[PDB]
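Asker: Residues per chain, in single letters:
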Amino acid sequence: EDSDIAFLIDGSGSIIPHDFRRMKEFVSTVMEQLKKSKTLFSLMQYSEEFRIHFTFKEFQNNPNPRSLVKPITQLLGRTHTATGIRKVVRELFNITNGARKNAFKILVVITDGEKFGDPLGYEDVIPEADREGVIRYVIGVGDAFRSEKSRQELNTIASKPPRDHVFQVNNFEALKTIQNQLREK
Amino acid sequence: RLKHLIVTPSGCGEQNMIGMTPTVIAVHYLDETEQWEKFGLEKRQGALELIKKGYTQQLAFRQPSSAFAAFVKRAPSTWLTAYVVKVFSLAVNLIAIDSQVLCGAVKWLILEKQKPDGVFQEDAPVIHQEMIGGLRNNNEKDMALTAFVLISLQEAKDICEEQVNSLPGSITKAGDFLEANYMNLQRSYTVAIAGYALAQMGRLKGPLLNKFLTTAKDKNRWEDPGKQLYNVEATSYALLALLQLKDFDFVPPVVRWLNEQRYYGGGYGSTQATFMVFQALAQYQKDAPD
Ligand SMILES: [Mg+2]
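Line by line, the protein sequences are chains D and A.
Quick note: to get the authors' numbering, add 130 to the position in the first sequence (first position is 1).
Quick note: to get the authors' numbering, add 895 to the position in the second sequence (first position is 1).
Each hint should be verified, as a subset may be incorrect.
Straight line, CA to CA, 30 angstroms or less: simulated DSS-like cross-link-like pairs of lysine-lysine [claimed, not checked]:
| no. | chain 1 | residue 1 | chain 2 | residue 2 |
| --- | --- | --- | --- | --- |
| 1 | A | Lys1122 | A | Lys1112 |
| 2 | A | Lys1141 | D | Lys217 |
| 3 | D | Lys279 | A | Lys1181 |
These are calculated hints, taken from the structure and not from any lab test.
Full structure from sequences and hints, please.
Answerer: Below is the structure:
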């Protein structure tokens, strides 16, 4: 009944606007039907550059998602995923931004699986995510499963097990999957 | 829509090429992109026929160092000297041309058209500066030239390596002159082309990149007011300059815009962009897994 959920969404040029449209209509529907046990939400859009759209407080004061999410727009840069990771857990998952003591930390990365131009690699930002206990789901988009390195970068983003951590974007099941994964917590 | 590109070559010095480029860029987009199914397929040689009529006519006025001007007795130029060379790098797709001719051209372009420092002074400007795209009234004297030479040369690399082993030097020191002196430019045109040639030499990594990358207006164009042909051409320079680092982020933006402009080649003067418009739209589909 303690719970803090973050969103690290890819906003790179490899995200086509429909993917971005579909990200916004997706992240919303998770919110609307999940005002539960005081579930707390934060988002940050990442690309070559990064934008904390709301922290937990800015979120705590306004609970109406559709009003929150419609205006969010695209950044059209490269893909700095891992550098966006540490910034979420160091900035969004700081108490100074609304993070509650003794809450469950989950991060929902919405990316297309192609790390690009990140001066940080992935090997830096995961075992810190392990040492600090964020549950890391990955919501892969577009052509993320067609090729090889794009799906492998995903399982490298998600925590183990991946059968409960890595999901597809179109499936509207992941939310029920965390919903029941919390429901039993 | 693209039915207005097979054109009649004509004209003393370069209009044959002016007509040869829309006659050579079609068979280069259409072919690689597997678009040879709506028409019936009986023309393909007609173009190669058309091509063997113009490029051959383009050789009615060779010069002793294999040089090319519009005019023979004249001291020959270097834009038509190397640009008809680049119109041929797309000809190799289908047409049968010989190869000693270009290496016998480049040997002169390095013995008498490059300075110890990587400069390239066009020791003969031409009478048709409308065919040249965005090279007329820029201040940047010979930066845009030094890289336009470099790209024309490097387009037909791994070709003139046997007959002329001088070439790699002219490429390197010209690109060196670029990289040490690429950051200090103002306009995007010069940004775009010289970025690509360092990309040809693989050397487009670093702040030199940032400036070129930066200059993207809304991430989908290199904005200048000179003419859309300058912007559309340099967008197609940066796009080829993009496929060479295998970027698949900044590419769809460009593709989007480059596919809302609804340009399909055509018009007096519309010579440079025509080539580049579909040369880059073609190499795109060659790399992009579809
Ligand atoms: Mg990307």
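Asker: Against the 30 angstroms threshold, does the CA-CA distance of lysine 1141/A and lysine 217/D hold or violate the hint?
Answerer: Holds, at roughly 27 angstroms.
Asker: Hint check: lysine 1122/A vs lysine 1112/A, CA-CA at most 30 angstroms. Holds or violated?
Answerer: 16 angstroms, holds
Asker: What's the verdict on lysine 279/D and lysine 1181/A, does the C-alpha distance respect the 30 angstroms limit or exceed it?
Answerer: Distance of about 20 angstroms is within 30 angstroms: holds.
The structure shown violates none of the earlier numbered hints.
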